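Below sits a lone chain in C-alpha cells, taken as the form deposited in one PDB entry.
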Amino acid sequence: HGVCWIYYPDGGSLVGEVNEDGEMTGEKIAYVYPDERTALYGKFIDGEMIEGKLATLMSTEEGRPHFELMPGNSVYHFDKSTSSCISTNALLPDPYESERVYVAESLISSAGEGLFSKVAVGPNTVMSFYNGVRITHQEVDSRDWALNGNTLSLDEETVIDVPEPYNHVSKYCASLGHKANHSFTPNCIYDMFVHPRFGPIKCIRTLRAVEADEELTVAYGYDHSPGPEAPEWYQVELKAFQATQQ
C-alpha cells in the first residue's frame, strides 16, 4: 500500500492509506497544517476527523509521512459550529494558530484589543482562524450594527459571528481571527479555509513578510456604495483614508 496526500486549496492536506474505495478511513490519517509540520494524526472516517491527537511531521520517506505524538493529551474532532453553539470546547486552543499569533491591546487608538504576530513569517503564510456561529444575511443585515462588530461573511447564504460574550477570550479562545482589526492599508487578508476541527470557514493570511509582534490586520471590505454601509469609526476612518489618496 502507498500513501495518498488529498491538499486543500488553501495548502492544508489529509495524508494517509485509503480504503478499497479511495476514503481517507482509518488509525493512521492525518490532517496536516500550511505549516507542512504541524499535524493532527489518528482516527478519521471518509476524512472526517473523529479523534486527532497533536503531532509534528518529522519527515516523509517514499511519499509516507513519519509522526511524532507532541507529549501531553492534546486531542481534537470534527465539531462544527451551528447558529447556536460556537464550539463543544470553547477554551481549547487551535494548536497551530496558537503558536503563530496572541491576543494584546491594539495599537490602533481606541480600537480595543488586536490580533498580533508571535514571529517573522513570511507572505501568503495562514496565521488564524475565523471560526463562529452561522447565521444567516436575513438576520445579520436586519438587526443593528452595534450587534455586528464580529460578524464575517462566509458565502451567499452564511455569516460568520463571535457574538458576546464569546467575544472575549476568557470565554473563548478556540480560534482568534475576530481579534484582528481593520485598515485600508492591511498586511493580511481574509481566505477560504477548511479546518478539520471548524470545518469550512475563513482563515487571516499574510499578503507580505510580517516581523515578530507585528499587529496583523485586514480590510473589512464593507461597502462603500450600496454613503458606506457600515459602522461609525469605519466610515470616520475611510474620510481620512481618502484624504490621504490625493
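Between two forms, the rigid core is the largest collection of C-alphas that superpose within 1.5 Å. Numbering follows the first chain given and starts at 1. First, how it differs from the form deposited in another entry.
- In the core-superposed comparison between these two forms, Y7 has its Cα shifted by less than 2 Å.
- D144 is among the residues whose C-alpha shifts by 2 Å or more between these two forms once the rigid core is aligned.
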Contents of the next structure:
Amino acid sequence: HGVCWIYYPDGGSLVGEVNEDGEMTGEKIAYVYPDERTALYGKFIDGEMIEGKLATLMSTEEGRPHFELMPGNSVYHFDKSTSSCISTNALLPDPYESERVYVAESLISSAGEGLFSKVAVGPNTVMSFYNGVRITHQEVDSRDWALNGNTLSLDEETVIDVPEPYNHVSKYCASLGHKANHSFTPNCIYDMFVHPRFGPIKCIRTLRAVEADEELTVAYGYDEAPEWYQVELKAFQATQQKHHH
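Starting from the form deposited in one PDB entry, produce the coordinates for the form deposited in another entry.
This part shows the chain on its own.
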C-alpha cells in the first residue's frame, strides 16, 4: 500500500494511503502537527477531517506511519468558520496549543489578559492558533473602528476576527492566538497556518528560544492606530538609549 505525506509550509502534514482515485480518503488518514508527534487520526474524505482522534506518531517505516491513540475520547473534525459562526464547538480546545500556552493576566500594565508559554521551546516553534470569523477588509474598514481590536489580516481579501463574546475564554477557547498582546520587543510573530479543524488561518510562532511562563508577544501591524498603541510607541521611543554626539 502506497502512502503520501503532504507537508504544509508551517511544518504540519497530512499523511495517508491515497485511494484508487488518488484522493486522501479513508479510515486511516492523519493530520500531524508541526512537532511531528501530535496527530489527529481517523476518517478523512478528500483530505478533509471527518473524525480525527487524538493520537501520537510513534514511528515511521519506509514512509508508513504508526499511530497510537491517546487516552480519552478527544476527537475533531473540519469546522471552518463563517462570517457569523466562529465554531460549532467553541469551547473544545486545540490539543497541540493546550500543551504549549495558557491565558493569564498580562504582565503589561492594564493590558487585560495575555498569552504565556506553558513550556520551554526553541526558536521558530508554532505555539498558538489565530482562528476567528472570516470577514472582508472592506467590512472592517467601513465599520466602527472600536470593533477592530481583534481583527487580523489573513490575506488581501479576508480578515480573521474574534468578536464579542468570543474574546472571553468562557465563551471561546478553541484557539488562543487572539490573547497575545503587542510588544515593540516581541518574542513571536504571526505566520500562515493550514489547520485541519480551522482551515487556512494564522498562527503564533516564536522568534527566539522562549522559557516557560514568559509572556508571548507579537509586534502588531499598524503601518491611524489605537490610542494605547500610539502611547506605547512614544514611550518605547523615549526609552531607547542613544549615542550622544
